[PDB]
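Every protein chain of the complex appears in place save one, which is left out.
Labels run A and B following the written order; every chain starts at residue 1.
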Amino acid sequence: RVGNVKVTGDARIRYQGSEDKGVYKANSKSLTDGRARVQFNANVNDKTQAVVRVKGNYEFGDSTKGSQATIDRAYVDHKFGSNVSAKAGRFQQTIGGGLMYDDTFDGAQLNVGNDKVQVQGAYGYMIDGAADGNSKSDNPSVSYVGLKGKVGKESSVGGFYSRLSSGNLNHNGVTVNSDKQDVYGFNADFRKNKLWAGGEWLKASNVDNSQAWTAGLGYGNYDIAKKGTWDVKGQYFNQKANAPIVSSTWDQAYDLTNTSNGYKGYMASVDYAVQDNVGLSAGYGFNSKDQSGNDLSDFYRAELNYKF
Amino acid sequence: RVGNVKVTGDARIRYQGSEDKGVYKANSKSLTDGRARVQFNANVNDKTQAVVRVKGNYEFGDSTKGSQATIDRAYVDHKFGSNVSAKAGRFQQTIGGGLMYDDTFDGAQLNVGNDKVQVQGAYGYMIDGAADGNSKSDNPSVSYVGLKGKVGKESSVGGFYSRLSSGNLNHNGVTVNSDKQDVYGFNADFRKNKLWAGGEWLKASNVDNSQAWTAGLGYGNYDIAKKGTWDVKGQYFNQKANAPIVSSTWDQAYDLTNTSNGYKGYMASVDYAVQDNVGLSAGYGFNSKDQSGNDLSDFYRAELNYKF
Partner (left out) sequence: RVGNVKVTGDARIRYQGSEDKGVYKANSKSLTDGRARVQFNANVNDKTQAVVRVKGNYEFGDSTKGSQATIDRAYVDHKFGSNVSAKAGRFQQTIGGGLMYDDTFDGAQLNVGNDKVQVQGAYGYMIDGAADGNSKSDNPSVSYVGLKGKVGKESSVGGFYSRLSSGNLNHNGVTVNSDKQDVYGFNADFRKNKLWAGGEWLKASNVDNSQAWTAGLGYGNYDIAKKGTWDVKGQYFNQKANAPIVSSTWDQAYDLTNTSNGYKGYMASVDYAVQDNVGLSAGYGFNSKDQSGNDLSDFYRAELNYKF
């Protein structure tokens, strides 16, 4: 009865809030929602594997529509030896350290690794974030190349260079057409014992006021599979008005789709594995301001993550 | 290749009809449809489990839209010992004996059992029935507490008290805003040998003409997993105009969404397991009348249930 497909997944019960209305839910300052994902990992052969993930989001109490299931991921991974790998279809792409974009991606990905230095090249389109709601003609294409070297036993540094074509992006709720963008950046990720010190800087060369950077300190040994593991970190975000932030890997409430004059503030988050494969995560963004000094709304998070 | 997720499901081919048009399908007196559900039961750890169910409904011959898959269930079950259990997310809630509501429920559920007496407390929102099509602000919240005691070896009696906040409910196809409702009720379920005698009574204290009750007799040993098992029962429904019937557990064609002056009539249903995990079910509602004596339309059912 067993085949080549292995079924995994996760469940999440998340709470989001803010001191002002509209940050997470329209005309309100709170949002409680749940997520259920089921992933099918299939072994096509010894060197080829295919991953299909079905995802469903619902809001607690929202019965206007059902929780429609959408194919979040659909891609095939090829292992062309021991150092070369390739992806094609609908997968997850991390542009740089994830500050610019870490979300769904349609296209192809090429990997050339050496266990101490890694080269990744991706060509395709972004799906979520400011790239959401764009047709194929209106969606800018991303030609991304990235370098990642291991500076220590587990610390790593790297950089990237990306090229975005003309397309429509969501700027403060308004889709505007932008010219070509050449986005380059660098990142660092140091991890000594339990201490963590990471940072990332990115900028679009041709667009002014496009600089965005982040930096944070952490301490912990969090692992959702191990009970009792905990983590604490506090990171600072400084992104300008024209900084390309489509779907960031971090949990700040402000990106290109929500801000018209950039974002600048701190965020403290904690993690705790209450049980095995069960983790409690909380976050609190404070001192949120625009690049002109205008105060923004403080935001806070609390979610429960179940892994199976 | 095996993980923590076990895949189950069911399939149904159902036929519904009536002597008048509009009871089941608009502008017609018949409805043939099929249902396919796939459920993923996952063991997060020794004391935590998560259930995700994907459901798809289609009509025989309706090709206007595809059979969109919706996440019917998405919840996590915790076992806090041997007597305390907890649920959270999108699950199934039975308010009382199921006459008032037995369908999808967003919120949290707490269980305290003793193997002879059980206490269940739920807080959240109803999704299907008269609560369908309501946003989070317009969906009334349910604060439900229920008691269930075992009066015999397998017979049981119980009661419940529910509190519904202000919200919009579907009354005869029209969504009207209602004030707070305090719904209380009692039920009995006697099962001696093969004979079954059950009944339920519920009423909203502050709303007049809100009384609803049912009673039925049965005889059989139906079990879909066992071939040759059969069941027959005949039950009578008497629900008034303002009686809260959102999504009843029984198969009467008339509830709050379809009736403007209540429902009152009999219903005879039969069950038969033609094969293992295959069951043939039929039903026939007759003598359907309003609370004022106006005749309603007789309805009849026939479905095939496949379990896997």
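Throughout what follows, a residue touches a chain if its C-beta (ideal position, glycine included) is under 8 Å from a C-beta of that chain, and two chains touch if they have at least 3 such contacts.
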item: Listed residues B:58, B:184 or B:266, member touching the removed chain; value: B:58
item: Omitted-chain contact residue, chosen from A:30, A:70 or A:177; value: A:70
item: From A:4, A:166 or A:287, residue that would touch the chain that is not displayed; value: A:4
item: Interface residues of subunit A (partner: the chain not displayed); value: 1-5, 7, 40, 42-48, 50, 52, 54, 68-72, 74-76, 88-90, 106-107, 124-128, 131-136, 139, 141
item: For subunit B, the residues touching the chain missing from this view; value: 2-9, 11, 13, 34-36, 38, 54, 56, 58-64, 66-69, 275-278, 304, 306-308
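Heads up, the rule we're going with is that only the chains that are shown with their structure count from here on.
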item: Mean-CA-position distance for subunit B and subunit A (Å); value: 40
